[PDB]
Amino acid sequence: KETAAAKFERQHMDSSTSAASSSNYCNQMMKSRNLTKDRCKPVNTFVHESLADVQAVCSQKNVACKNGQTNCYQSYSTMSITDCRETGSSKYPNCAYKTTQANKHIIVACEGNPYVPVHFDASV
């Protein structure tokens, strides 16, 4: 039902805050973006930049994805991100996440017309 571009937006964009300011950020966000509905998604990164700035990464440095594909792009500049990772104690339906805020380059895979992000590969 969901398009790949829409799924990327839902899972990875949070332009409403400039950074995670709370250890509970990931618990709240993972739930509100419906990433804990049927299982606990083990890892997920939110990006705190405008949608335009993230879409613009598809015209920046072309690099290999972890899987060997060559439609990945690394941002020229660092971006505000929050990594959310399940803790060792987490068990569905009570998903529990560690929140780690950082400023780093992002790497996304791009596809389509318009050519936009569809997968979050990594941050560096």
The other form holds:
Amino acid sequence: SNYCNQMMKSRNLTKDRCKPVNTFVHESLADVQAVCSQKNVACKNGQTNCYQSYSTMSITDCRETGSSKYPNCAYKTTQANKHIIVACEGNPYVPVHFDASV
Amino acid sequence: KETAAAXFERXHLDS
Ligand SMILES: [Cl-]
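What would you give as the form solved in complex with its partner chain, now that the form solved without its partner chain is on the page?
Shown next: the complete complex, the earlier chain at its head.
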């Protein structure tokens, strides 16, 4: 099956439900973690602990189809190069939510 | 308990 359906289930996003949307980043972990010291921007929710990558990154967007329902979740796969925006927290100060891509 | 950092990785990283 398509990348979204397969990886959604493999990663335990869709073994127990169907998630409307999820994004996967094809960069090294350390290059994603590096975003938490890049450009500070507001989060969608207005908190201020979000960070936008300087560079675009390889990303796959997965979004449920209109008819998709558990257990037979169904996704549309869209691949793109886009900047990512992550929320960071902690010591070490690392990504804890994927806010958006642009 | 899975931490928030590990959650993000499992959901969003595919290097
Ligand atoms: Cl935590």
